[PDB]
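Only one chain is shown below, in structure tokens, and it's the form solved without the partner chain.
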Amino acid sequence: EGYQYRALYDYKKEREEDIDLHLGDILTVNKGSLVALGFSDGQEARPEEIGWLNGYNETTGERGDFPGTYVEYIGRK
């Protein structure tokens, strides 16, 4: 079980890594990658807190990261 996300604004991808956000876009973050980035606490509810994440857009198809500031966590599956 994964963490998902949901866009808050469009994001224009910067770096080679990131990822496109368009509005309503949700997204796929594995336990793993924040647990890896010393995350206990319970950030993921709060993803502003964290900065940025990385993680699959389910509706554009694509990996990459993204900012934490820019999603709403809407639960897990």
Contents of the next structure:
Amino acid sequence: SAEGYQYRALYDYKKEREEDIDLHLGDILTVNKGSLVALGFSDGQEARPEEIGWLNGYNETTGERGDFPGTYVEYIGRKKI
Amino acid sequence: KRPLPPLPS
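Could you drop in the structure for the form deposited with the partner chain bound? We only have the form solved without the partner chain so far.
The complete assembly is shown below, putting the previous chain first.
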């Protein structure tokens, strides 16, 4: 997709698995809209990452991509990617 | 689903 949902990390997270990424307070993540379409959460639940569970996206702040817990982040809006 | 970790603190 040409669109991304944006999140900001509210807490630090140390990666627990190879596919995970580290989060640091204030990091900004972009989840491709296609990812949430695929999971069935694109009909509004993008704004409730704590209800989705694990997310996969790009940490714009660190340049790393991978899985991170949705309860650790806040939805901040969407952008073109 | 993979379990979520609790929030830190």
